[PDB]
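Before any questions on how it binds or moves, here is one chain, the form deposited without the partner chain, in structure tokens.
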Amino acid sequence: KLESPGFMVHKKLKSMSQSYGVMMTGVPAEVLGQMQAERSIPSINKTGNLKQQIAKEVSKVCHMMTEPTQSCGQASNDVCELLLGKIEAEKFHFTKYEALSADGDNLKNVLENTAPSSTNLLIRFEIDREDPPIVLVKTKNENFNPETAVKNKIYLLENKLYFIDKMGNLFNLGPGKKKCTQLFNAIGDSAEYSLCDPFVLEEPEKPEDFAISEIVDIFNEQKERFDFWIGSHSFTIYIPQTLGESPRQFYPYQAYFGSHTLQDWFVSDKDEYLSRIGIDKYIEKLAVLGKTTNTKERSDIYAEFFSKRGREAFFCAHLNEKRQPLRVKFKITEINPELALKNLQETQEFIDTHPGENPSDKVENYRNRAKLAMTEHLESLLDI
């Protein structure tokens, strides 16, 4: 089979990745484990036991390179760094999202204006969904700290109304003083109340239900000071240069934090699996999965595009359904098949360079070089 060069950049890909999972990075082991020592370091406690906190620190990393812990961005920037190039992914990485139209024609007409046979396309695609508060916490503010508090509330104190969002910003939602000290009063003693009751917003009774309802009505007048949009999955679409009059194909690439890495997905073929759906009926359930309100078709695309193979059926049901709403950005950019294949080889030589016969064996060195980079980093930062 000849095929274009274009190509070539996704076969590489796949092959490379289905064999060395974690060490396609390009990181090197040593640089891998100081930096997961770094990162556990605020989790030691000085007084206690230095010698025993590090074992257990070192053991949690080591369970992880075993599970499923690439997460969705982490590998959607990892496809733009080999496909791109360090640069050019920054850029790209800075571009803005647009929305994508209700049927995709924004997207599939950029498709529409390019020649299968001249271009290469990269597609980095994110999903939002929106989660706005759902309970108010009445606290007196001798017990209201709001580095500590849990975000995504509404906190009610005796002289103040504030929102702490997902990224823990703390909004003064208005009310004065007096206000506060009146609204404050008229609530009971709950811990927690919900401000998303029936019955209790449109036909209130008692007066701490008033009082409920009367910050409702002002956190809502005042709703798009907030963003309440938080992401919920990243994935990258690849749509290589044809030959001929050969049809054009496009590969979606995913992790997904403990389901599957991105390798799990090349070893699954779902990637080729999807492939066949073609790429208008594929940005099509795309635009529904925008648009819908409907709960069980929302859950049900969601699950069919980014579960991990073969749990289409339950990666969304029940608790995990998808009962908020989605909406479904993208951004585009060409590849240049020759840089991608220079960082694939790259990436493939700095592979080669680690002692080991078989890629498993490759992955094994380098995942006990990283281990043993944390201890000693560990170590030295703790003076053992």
Second form
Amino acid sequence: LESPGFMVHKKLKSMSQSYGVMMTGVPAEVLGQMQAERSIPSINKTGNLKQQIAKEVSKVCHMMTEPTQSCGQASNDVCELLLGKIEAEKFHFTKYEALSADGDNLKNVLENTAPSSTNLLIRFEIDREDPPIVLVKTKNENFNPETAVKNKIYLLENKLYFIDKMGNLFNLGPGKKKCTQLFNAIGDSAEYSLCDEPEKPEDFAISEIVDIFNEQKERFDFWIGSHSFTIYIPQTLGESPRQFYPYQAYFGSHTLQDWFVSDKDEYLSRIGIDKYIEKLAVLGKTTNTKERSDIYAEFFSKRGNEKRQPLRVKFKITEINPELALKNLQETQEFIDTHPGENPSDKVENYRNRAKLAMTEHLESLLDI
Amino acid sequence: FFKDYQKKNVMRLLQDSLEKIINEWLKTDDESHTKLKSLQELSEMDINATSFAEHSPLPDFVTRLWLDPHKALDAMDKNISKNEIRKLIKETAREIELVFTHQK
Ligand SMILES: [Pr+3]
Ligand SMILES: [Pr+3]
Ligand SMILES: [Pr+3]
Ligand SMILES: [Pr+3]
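Would you mind giving the form solved in complex with the partner chain, to go alongside the form deposited without the partner chain above?
Next comes the full complex, and the chain you just saw is listed first.
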């Protein structure tokens, strides 16, 4: 006996592990035609075309299994499947909540649910901050604040400016006495790094500028979207303990398929839901880079890029109708089962061969064959 | 459910392909920002306009997709309208350029 809310995770994991990119719903013909489009700039049409068409078609071959799926597409597919178009739209516009340092809010809100009659889908965004890397020493006679490169710190003799990536000029505070002390303390190189125990008065002048900046990090916003993932806590049967399951892809590392094939979903679930929120909170609180990299690798990396600058965790939560979600997955497998094939691997091979025929034909219609 | 989900993911793959092609094409703009200025015009184009200027810098795919999207990608289902394609071309062009010039 298994709850319907749990069958949702079963079908979802089973379909992704077996069929991969086919779970997006994209017809193989559409996908091959497109691949031909993003590969036709690289084709010099003064050379041999059947050379390049076959080469390009063959390069996309050894890539299908390569991690070219983004965390957002996986997270979006999951929300769409478990919620349907209407509720995924409203879920997409719901505002993210910032995680508490110990995760008290997410912990507490889960406790307000009956683990046997409620099915939660949690979606997280992880944000990195991107402070400037470079300190540029320049003179007033060479510095127009509109010309200068962005996302840099600029040390003048009478000012110390920070130019963010958007264009807004910021005065970092040091008086005109302080700036000349730093200007005459730093050498002749055009650029310098804001990241690297000081020994030379050059190093002290750079480290204090880092300090003068970091005490006013408040005034800026460097944060960029870094990683996306979801978590599903289905219903339990009676006296059964609650279980969560993380879902994610990671561009460059693994797909949503690879994540399932490696059973990392099941590996992280066994550590329990609350202990997960805890290690998730430390990632947003810690300032130690080894600890921030320890957790980040354990949670969000392949089963089988040092996170130096801080990370923050935000979430939004909703409830699943397992009947709807199974119906949504049924319609998706209906599409999948329109591809000839004795078994899932046979159906994937038909998708790939079908897509390759569309990529080759679309290349030929564009290059006069 | 499935048709709406498929149309979404088909539209997403197109946007991704638009972003990759336009970006590769933007990487070779001169110091007069010709290709970028062209990209800005595109994000403000009238959706009823059925003609590009004769020696348009825009990538071949973009203009083919704009004019006859169902000839440009003859596997694309009819439930994707020419207007929907064109709205997507402008929203992608607006997002790329603002990212390219670092406002997002
Ligand atoms: Pr067979
Ligand atoms: Pr076979
Ligand atoms: Pr304009
Ligand atoms: Pr304008």
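The term rigid core refers to the maximal set of C-alpha atoms that superpose within 1.5 Å between the two forms. Positions refer to the first chain, counted from 1.
Shift analysis on the rigid core between these two forms singles out 162 from 125, 92, 229, 162 (C-alpha displacement of 2 Å or more).
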